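**Student:** What follows is each chain in one-letter form.
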Amino acid sequence: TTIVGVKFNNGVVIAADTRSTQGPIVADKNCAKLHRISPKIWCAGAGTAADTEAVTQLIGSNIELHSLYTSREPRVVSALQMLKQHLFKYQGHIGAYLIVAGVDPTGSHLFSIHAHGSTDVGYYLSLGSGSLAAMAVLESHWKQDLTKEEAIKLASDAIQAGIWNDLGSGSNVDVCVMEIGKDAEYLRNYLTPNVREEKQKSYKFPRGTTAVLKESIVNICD
Amino acid sequence: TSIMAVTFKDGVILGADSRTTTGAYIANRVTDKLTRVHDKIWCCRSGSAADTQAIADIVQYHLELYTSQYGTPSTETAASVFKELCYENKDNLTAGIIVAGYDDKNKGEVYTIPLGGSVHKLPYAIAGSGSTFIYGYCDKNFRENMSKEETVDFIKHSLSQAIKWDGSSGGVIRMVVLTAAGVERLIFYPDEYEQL
Amino acid sequence: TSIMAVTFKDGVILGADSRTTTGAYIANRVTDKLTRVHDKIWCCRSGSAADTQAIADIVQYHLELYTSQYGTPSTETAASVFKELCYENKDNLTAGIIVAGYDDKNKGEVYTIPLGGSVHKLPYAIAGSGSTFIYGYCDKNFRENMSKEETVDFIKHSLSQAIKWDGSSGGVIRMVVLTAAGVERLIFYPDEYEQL
Amino acid sequence: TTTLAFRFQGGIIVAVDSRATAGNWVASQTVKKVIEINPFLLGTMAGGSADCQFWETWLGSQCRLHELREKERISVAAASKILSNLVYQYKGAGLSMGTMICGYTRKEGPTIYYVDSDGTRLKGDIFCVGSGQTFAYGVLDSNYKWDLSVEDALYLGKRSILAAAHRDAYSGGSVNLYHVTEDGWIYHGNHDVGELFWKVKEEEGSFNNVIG
Amino acid sequence: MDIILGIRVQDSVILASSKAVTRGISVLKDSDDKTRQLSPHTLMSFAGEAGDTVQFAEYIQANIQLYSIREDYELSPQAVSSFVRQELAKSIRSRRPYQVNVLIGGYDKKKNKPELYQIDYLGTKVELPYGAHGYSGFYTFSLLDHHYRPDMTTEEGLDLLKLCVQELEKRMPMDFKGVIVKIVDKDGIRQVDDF
Amino acid sequence: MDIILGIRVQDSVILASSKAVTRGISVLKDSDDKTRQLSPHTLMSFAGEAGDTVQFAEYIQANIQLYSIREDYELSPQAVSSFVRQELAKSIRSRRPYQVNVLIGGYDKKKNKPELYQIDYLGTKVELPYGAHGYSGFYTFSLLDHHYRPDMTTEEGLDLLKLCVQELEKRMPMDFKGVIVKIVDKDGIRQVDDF
Amino acid sequence: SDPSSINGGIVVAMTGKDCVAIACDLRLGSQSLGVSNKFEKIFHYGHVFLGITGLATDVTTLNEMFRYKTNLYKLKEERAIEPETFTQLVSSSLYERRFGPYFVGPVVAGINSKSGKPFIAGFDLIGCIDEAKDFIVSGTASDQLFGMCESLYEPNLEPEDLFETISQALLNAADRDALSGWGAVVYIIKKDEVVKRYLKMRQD
Amino acid sequence: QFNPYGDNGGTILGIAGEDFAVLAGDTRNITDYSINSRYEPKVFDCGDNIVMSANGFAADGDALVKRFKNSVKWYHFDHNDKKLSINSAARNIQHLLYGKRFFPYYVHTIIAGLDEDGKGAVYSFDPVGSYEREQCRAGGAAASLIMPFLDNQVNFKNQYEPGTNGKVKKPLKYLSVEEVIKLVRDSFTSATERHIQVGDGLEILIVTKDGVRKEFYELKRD
Amino acid sequence: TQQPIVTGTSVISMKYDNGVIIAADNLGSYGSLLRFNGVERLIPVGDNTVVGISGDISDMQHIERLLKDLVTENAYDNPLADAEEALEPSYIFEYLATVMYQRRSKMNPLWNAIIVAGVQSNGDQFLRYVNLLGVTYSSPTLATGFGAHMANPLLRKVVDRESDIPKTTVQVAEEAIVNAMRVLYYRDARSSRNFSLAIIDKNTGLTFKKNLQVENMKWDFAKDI
Ligand SMILES: *[C@@](C)(CO)[C@](*)(O)[C@H](Cc1ccccc1)NC(=O)[C@H](Cc1ccc(OC)cc1)NC(=O)[C@H](C)NC(=O)CN1CCOCC1
Ligand SMILES: *[C@@](C)(CO)[C@](*)(O)[C@H](Cc1ccccc1)NC(=O)[C@H](Cc1ccc(OC)cc1)NC(=O)[C@H](C)NC(=O)CN1CCOCC1
Ligand SMILES: *[C@@](C)(CO)[C@](*)(O)[C@H](Cc1ccccc1)NC(=O)[C@H](Cc1ccc(OC)cc1)NC(=O)[C@H](C)NC(=O)CN1CCOCC1
Ligand SMILES: *[C@@](C)(CO)[C@](*)(O)[C@H](Cc1ccccc1)NC(=O)[C@H](Cc1ccc(OC)cc1)NC(=O)[C@H](C)NC(=O)CN1CCOCC1
Ligand SMILES: [Mg+2]
Ligand SMILES: [Mg+2]
Ligand SMILES: [Mg+2]
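Just so you know, the protein sequences line up as chains V, b, N, K, X, J, W, L and M, in that order. Numbering follows the deposited numbering, with no gaps: position 106 of the first sequence is 106. Numbering follows the deposited numbering, with no gaps: position 63 of the second sequence is 63. Numbering follows the deposited numbering, with no gaps: position 170 of the third sequence is 170. Numbering follows the deposited numbering, with no gaps: position 95 of the fourth sequence is 95. Numbering follows the deposited numbering, with no gaps: position 11 of the fifth sequence is 11. Numbering follows the deposited numbering, with no gaps: position 193 of the sixth sequence is 193. Numbering follows the deposited numbering, with no gaps: position 48 of the seventh sequence is 48. Numbering follows the deposited numbering, with no gaps: position 70 of the eighth sequence is 70. Numbering follows the deposited numbering, with no gaps: position 158 of the ninth sequence is 158.
Certain hints may be false.
Here are some chain L residues pointing at chain W (derived, C-beta under 8 angstroms) [claimed, not checked]:
no., residue
1, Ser144
2, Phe149
3, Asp186
4, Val212
Hints in this document: simulated from the structure, not taken from any laboratory. Even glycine gets a Cβ: it sits at the ideal position worked out from N, Cα and C.
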């Protein structure tokens, strides 16, 4: 993976690529790495794919129950505290590297969590195998007092750096914008700069090409 | 890390760099290694970021619960709770913590807790990978009952050298001043300290 | 070991402790780590005693044979012969050598040769296990074109700190002064340097 | 690999598969595992492909040099021993070879020699070599008689490779048949297991484990 | 332990099992029966780690016999094989797994059909016309592929089995001291004494 | 390789050597002669690492034959055994040692006495009334301790040898496919075809 | 001793126009030794089909487990489980064994009975869902299957055309893998009829 | 400890027609998860109408090509400018490779050209010298993806004549250069999709009696 | 078999319309200790080539001596040593590439990543990489170590393919290089602020810049964290 998070004027934006690998093989060409913990708290996840999904859902479930219990909108620091204490407990064996962001009654927030359970704070962050390509772009172009449209541009550019230059990242750019006072907008496949070109040939076979030994109707009914 | 805490006339000052590393990559160049466990009891964190964080959070919880029952805890008490965690979990921890706090009775106090979980009360303490390079300098330059400005210069010059030689240290020099007046945060940027 | 060489106005001074260790046992507390390879070209030896000795002897042999054919060798030449041995036998050697010599044309010169066998010409150099503790101090206190008395104090205070912190260092502080005047041996005992 | 060669009334039958593997990856299905050293000598290949291929064509050069120097075709014994003495020099180095030097000469008659990379050299009437040797043995031993006809012997050799090609995961592709007589070796064709299996199953009534 | 074979024919299942019990450089016994009768029409042969084999076989035997007494009814060979597989499937993720491979030969009285199941120590079950565990398979499978027909008689199956034992006695490195053969059919389980 | 035995009686030396050549799970040959005639009245059996055994045996054979042709004279069994021991004693401190154990049975024509020498791959030589290499010794030595007498005939020695082979066939784990027996006496070397 | 390549086997699933296909080989072996040529790797619970590659004891175990779970689901819900829901159930069940996993490569295939949408999904041994518009691959010849599917596949194939494509994908992939093959089964699944075909393939 | 080998990724592909042969290879060069070059050719004209590629560890690949090119040069000097036939080149390469049997060239080698009857020829080698003439061979990282596709489309494997009850096979026939290049381009786009080490560019070298022609095509750069 | 002791970090470089730029910081690291600060890791060979070296410094100094000796040897019996038969970048590279691969093949490598930047006699830009394994490659932008991960992405935004090279000026190219050096100072734990930069232009020739510093750094936002 490649994932990023960028803070701006009235909120925070996160983004991610959409490649999933198994060694040198691309397992999924359009997987979703942007995860919803609560309506206005979203998580970008790198590392062990199942771990990022499972840990995000578990905390997301407990956050929802907590929100119902307290009659309050959940806070990013609650998700941050719950995630880090869970990850720390497992001493890194749950290989989840997360960028946690969102807006809540306290304000807008941006954090990162490592598998062993350490957390950072920042205005711009990047995690994953393409984080160095992304961080290079962020360090070059980031500034204080970014607008919404500037932050999305910066974020997607940082993801693109990973897509092109990192072999562990590719395909498309997902974005999620969390602005204060507004609904969070999830932009699935915000950019699709890796569309497959038209194939040279149709490999549709003449019917009867495959040799068959037996046929039978399968009963799916009761 | 390069971290240090120094007692002086009016109280105590904590100092730290801002570099976090994953190998030779700098994961965070603006880290805050000075963390509040109580109003006027702070600690400098070195070693594993995850371990020191988890410990600091538990200590902060213990001292908040202490305060709810028995009022303000002493700096010694805070260091004892750190020690208890670091000593009893020595096999599973990589944490070198300096505890510093201001009482009105005891004034400034500094306790250092190395890997083993032993406690050592000192006039000043240095720790982290970059501390090795300034043992010579700090010993020669430290004086008891320094002023605030002198102690700030002592820490600034010290961590400047630690940062210069240690690759695992760098970024900004954060400081936290603990006195009867209150709590003051200071920051010093490369363009100032590098050319000392 | 703690060793160092420092150039100054009139030439160069070499400095060393006198501790040799086999583990935590001190095999020799009065070692002479400053060794003559030529009249006014000396070296400080750190690392394996056997390796540095064997190298120094070979270099002394080469420079004696050089002198017999081409007259007095430069300090640079001496450092090149050390380098050649250290570099070409890097897999089988544990030797950190500082080379220091006095020409009349080039005055005082200091070359340091770490484990890899690379050569580095510097104003002053520090090396050995105890050097880590005085990088901070030496950088802050070194000035170019110091006097003889100032340079002696610089080395004495530096090695004093190195000795104080490093368990692998101690005993007496030996020094060797290289100038146009000649060669002067100095010694400084614990009772003096410890209480600096 | 599965390779075999057996001696009988009508000479020698030699049969081999044609698969090459790199782990579980099927690298090839059309490999030649028999090398024709001269009109009266054959070599079979099992083990490392490069090792077999390189050293057995080298063996052929040594056999050619023998008949140039001695004005006489090399004996099957002498040819096998050149190869065995060679691999023995490399013993420990990590060569992987299981070979069978099959041929006819006047003084020896039909002869087969097993040679392998740890320096074993054995004269014998029946051998099976390779990862699927055991599968070939099972069919070959239970149907072998000295008095087999040339037609029956050719089939048994073919059927034994087919048996192994089926069960052994690292054997298959096709069957290469050879028949060695007093007049020299005779090639009896390449037989793809893709067609041969179903043809044998139907006609013979065997392979009842498989879904027909 | 070592050699256990199984052949399902038209009307019966035939299990052959080696008689040798070797340890180190000594054949301690040459008349060992590596089989237990689970029920009147179900027989299980076994091979693997010393101790484990018999301990597992007798544990399964006790459970099946307990079921028979409780329900006054014989479990089908399929049902027994599924029970055994599950026990091994549990075992493999235990602190110390049973290292036992088994063949279950049975005659289903409801279907009037012989059934042969092969189950390894991992809990890998397969129904087969003929089966083997250990190195035996490397010879017998290809042999049976050739000579086996589904409509054979018990006598033909025994001749087919003699062909396997002969091949093993010829090409196997170890002396396994012959086999004990047992037949499972509609009339239950009986042992061939002269093999 | 594996089983090689030797028995010295009154007037002859008898060497028994297993016929099996096994490799992995396949007996590749069951008629292998693990012996070389070094000279008309000297026979050497051998067992050990594959390749090494024959390579060493034939190398010794060539050297002894070369000596015979050079001097027009047969070396004594004692002299041959000392030559062989020295070759193995060199070998053991080589880059790659011969891993071969041997028995040398010979009839000394000057002394009119049979002689049996046992030499291992380290170059450890001993003259014995009876000898064995490998695991065989663990059974045959105690057996011969009991039944051996120094004044036995060749026929008695063969019956004594049959007793060893029977014991090995009973208690040895591996099938060694019987033995090739050879007798060394005043009239040279001959092979017993029916054993 | 790599659990995922002791027994061998492959599964592949494809989507077509108002239909899905799921196919598997029949081999079960013990490394080099082929043991069974009847070992099917595709199961179904109602109209939801599940293919499972990997360690055969776990293949069996999981089938029995999902039969168990879908049977209780149906009794309580009073309706057949849908592919999207079953996919989630599979993921949950696999991740439940996070630090002691089933060594499997499951593949869900089926048509949602309400919406009529074709659905396929894949998983790793630890539960990570891999949803796809086009195709899912699994097993010891997954690399081969990836290469075959990626080239041969085109969207919106008719059931009879889709059969040819998926069959040729599996067959040619299987022939390049030592541990896969020995027969093959293909399921063509339409909204309310399912056709199962056994393929003739080389038996080596 | 020093590891003298590395993996520079990429993949190569050779197909033989009736009177021509193609040898294709992607132009991407990688180490670990980084791209070194988007255009680093590894398919070379070695003279005498022989094209060669040694894919795997580029240092060993370049070393081998360099040695073979030099072998062709000395073959001319020593044998009166005689043309090195493709079969003779193949045998020569076996000796180059096997020469380093105990410290191998870490490369899958493929050469292509015309045999002495004017017909298209592709030879392929393992890392230690075993070789075999074929109509078809893919080599390198994505060989396992491409090769089964070639079996199906070039050699018509598993393809039967419709309506013949799986009894009559699809007959073997030579492919036109236009058809072959379609297969090459589809093979490499498919490989680029699912393999992270394959992409950037495709360079094909086509060998006819008239000489060696080149063709270049862009590939996806993610 | 070696292990590197004193080491130099990233070397970065790129082509522009008339020539090539190359840069490398002046640090000699000793593990985590930032030991030496006056180390020059760009070494000019003639007036048309610069060799930038990262990795072990003792091995770098050995390579310096080889190149120095190569210039001497080329001049021998060569009246056109400063004209037609002067050392080309391609010659210098191929020599080093040969040496590097021979040393890896003898299991005793020169522990370095090397970038040879220069301009050929016909005006063509030369930029090629070689390392301890003998692996060689060429690209419009090349970088070693951390540079490969952080510099290349930034430099490729300027020159993404061959056709972008004529469109890139020396001002634009140098700006990108200097920016990349700043980014490396932020993020590489074994980098220094001080660095050297070299421009080899086909018109203006070799311009060697020493004692450059990273500047215009953003640290102000740290006070808020
Ligand atoms: C990039 C693409 C990997 O370089 C990302 O980190 C990506 C994150 C991601 C998050 C959500 C959804 C999809 C993808 N990670 C992966 O795709 C991940 C890479 C990885 C593999 C193995 C690892 O441990 C050795 C760590 C990271 N791939 C997977 O999770 C795949 C789907 N699953 C496996 O490879 C199964 N592994 C998991 C760990 O346990 C052993 C088997
Ligand atoms: C300096 C940089 C080096 O000692 C400091 O000690 C610093 C202290 C710090 C950092 C952040 C916040 C507060 C205090 N420590 C680190 O930066 C630390 C280096 C370190 C890692 C692991 C250690 O032993 C287990 C010891 C020191 N960096 C980290 O923890 C980073 C965020 N994570 C990793 O490096 C991943 N680790 C996980 C533990 O196992 C090794 C890989
Ligand atoms: C300080 C003490 C520690 O580094 C100095 O470097 C000092 C240098 C010195 C000593 C005597 C004369 C001139 C210069 N070095 C030692 O005292 C040295 C410690 C050392 C030993 C081995 C090393 O790596 C192989 C590195 C440092 N002490 C010795 O050589 C003593 C006399 N011998 C041993 O310790 C026995 N060694 C032999 C080498 O293998 C390990 C055991
Ligand atoms: C069957 C298929 C079982 O492998 C045969 O033994 C077969 C025989 C054969 C003979 C001539 C031509 C082709 C095939 N052997 C192989 O196909 C062989 C199997 C094998 C691989 C590696 C070995 O390591 C010692 C031994 C046997 N396959 C190969 O040699 C493949 C094509 N090449 C490699 O694996 C390359 N390796 C070889 C060993 O050195 C490292 C590189
Ligand atoms: Mg990429
Ligand atoms: Mg001391
Ligand atoms: Mg097979």
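**Student:** Hint by hint, say whether it matches the structure.
**Tutor:** The hints, checked one at a time:
1. The closest approach between the C-beta of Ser144(L) and any C-beta of chain W is roughly 4 angstroms, which is under the 8 angstroms cut-off, so the hint is satisfied.
2. The interface hint given for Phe149(L) holds, since its Cβ lies 5 angstroms from the closest Cβ of chain W, which is under the 8 angstroms cut-off.
3. For the restraint placing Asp186(L) at the interface with chain W, the shortest Cβ-Cβ distance is roughly 6 angstroms, inside the 8 angstroms limit, so the hint holds.
4. Hint on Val212(L) is violated. Least Cβ distance to chain W is approximately 27 angstroms, over the 8 angstroms limit.
Checked against the numbered hints above, the structure breaks only hint 4 and satisfies the rest.
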